Each structure stands twice: as structure tokens, then as C-alpha cells.
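Put together the whole structure using the sequences plus the hints.
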Amino acid sequence: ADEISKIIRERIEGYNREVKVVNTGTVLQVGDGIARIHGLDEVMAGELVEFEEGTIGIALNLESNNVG
Amino acid sequence: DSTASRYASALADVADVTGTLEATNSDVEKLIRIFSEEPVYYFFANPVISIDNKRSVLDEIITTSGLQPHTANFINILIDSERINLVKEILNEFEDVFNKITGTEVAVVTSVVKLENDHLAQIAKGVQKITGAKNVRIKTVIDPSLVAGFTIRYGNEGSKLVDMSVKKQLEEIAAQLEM
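Note that the protein sequences, when read in sequence, are chains L and Z.
Note that the first sequence covers residues 2 to 69 in the numbering used here.
Note that the second sequence covers residues 457 to 635 in the numbering used here.
Hints are computed from structural coordinates only; laboratory data are not their basis.
For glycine and all other residues, C-beta sits at the position ideal for the given N, C-alpha and C.
Examples of chain Z residues lying across from chain L (beta carbon under 8 Å, computed):
#1 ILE490
#2 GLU493
#3 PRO495
#4 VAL496
#5 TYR498
#6 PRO503
#7 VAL504
#8 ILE505
#9 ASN509
#10 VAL513
#11 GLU516
#12 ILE517
#13 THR520
#14 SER521
BS3-like cross-link-like pairs, simulated, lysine-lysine; straight-line CA separation at most 30 Å:
#15 Z/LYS616 / Z/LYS544
#16 Z/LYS486 / L/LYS7
#17 L/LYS7 / Z/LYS510
#18 L/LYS21 / Z/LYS544
This is how it looks when you write it as C-alpha cells:
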């Protein structure tokens, strides 16, 4: 019924597009020097990340959903 | 069991206690195509998205697709307790517990060419007497990978099998191999 609820579908797309920005993730969990990040689809293993306070991290664990 | 198994069984129980088995089957069949088409599935997943934004669109999908008030409750609970990332598995699992509650078996007939349905009803009657299916939901697919005839796959998934298309050349090559 999405072809009928095309307005709902476009609102779903608008909600989705805010989260899946390129080279941009969102902190899922953080503690004891480890952070789990949601996003960062185009990140290299061992790349550097920045945390909006200048804390730098290294993407060592690229899992299927999150990034350690 | 599993998360999909335990949630689909709970949905079938709450939909059987107040009989909506046709209504809940139609509702889960609509929900399977709703939650396919991966952008909306990603959207109800993607835990960064606010739960309120999920629930608004979920109520709107309830309105637009005319779902049952207890299946809508089930997906509200899948949003509440974060098992919505398994909703594809739960919806794919609901059909088996539904067939268990309705006493229906479903068994594929992989054939080569179509049938005149009389021998198909014969096969359905046979597979319902050997398994105790009060109404077997016999099915079939047109597949050229077969050689000659037909075969049945019934039981839990396809757990049992009798085959007369390729079994005869299999046993012939096995017998001439004598090893």
C-alpha cells in the first residue's frame, strides 16, 4: 500500500536521509575508550574519526551494523 | 525456538483466541510486502531514528493499509521492545505456526510441465492422509531443472521427499558404479 501511501513513503525517505550522510556516523555507545558508531558506511579500517569535541578515534572494528 | 518463532507464535495465539485467522493472515501478508522494499525496513530499523518518528509512521501505515487492531499492537510492541530488526524473520516465520494452528500442511510440487489438477488433487489427498492434514495447502512451481515428472516436499520445511523424475537415473548410475 506504499504506492498509495506515497506521501508516507516520501516522509520515510526524508526521515532516513538525515541519518545516512556520507562519512558521518552517530555514537551508539561510548565508555572506557571504546565507542560504537552507527553509520560511517564508507570508512576504511584503521581510518581516523573525529568526535565533535576533537577527540580522535581509529576505526578498527567494522562490523555489519556498527563500527568499534 | 527463536525470537522470530516465539513472537510469531504469540501473534498467532492472540489472533487465534479471538478468531481472525483469515484476517491476521491477510494482515501479515500485507505486512510482508510493507516491510520488504528495504528503505522502509531500514527506516523502522536504523536505531538512530527517534522512536516517536517510527511510531507516527507506524500508526499512519496502520491507517492506510487497514491492518487488524491486534497485529498493529504486535508491531507497536516490536517497536517498543527493540525486536523490530528481526521483523522480516518474524513475518517469514508466522506462516509455519499459522499452518500448525490451522492444521494445514503446505507441500511443494516441483514438476516439469503444468498439470490437469486431477492427479494434483490425488497427490494432495495422499499427502494429507499420510500427514493428517485436514486441509493441505498443496502448491507447485514450474521448474525445468527437473527431468521427467514430479516430487513432493512435505513435513516441517521440506523434510520428507519422494521423487520420480531423476531418482531412476541416480540409482542407475549408482548401480553401474558399484561403489
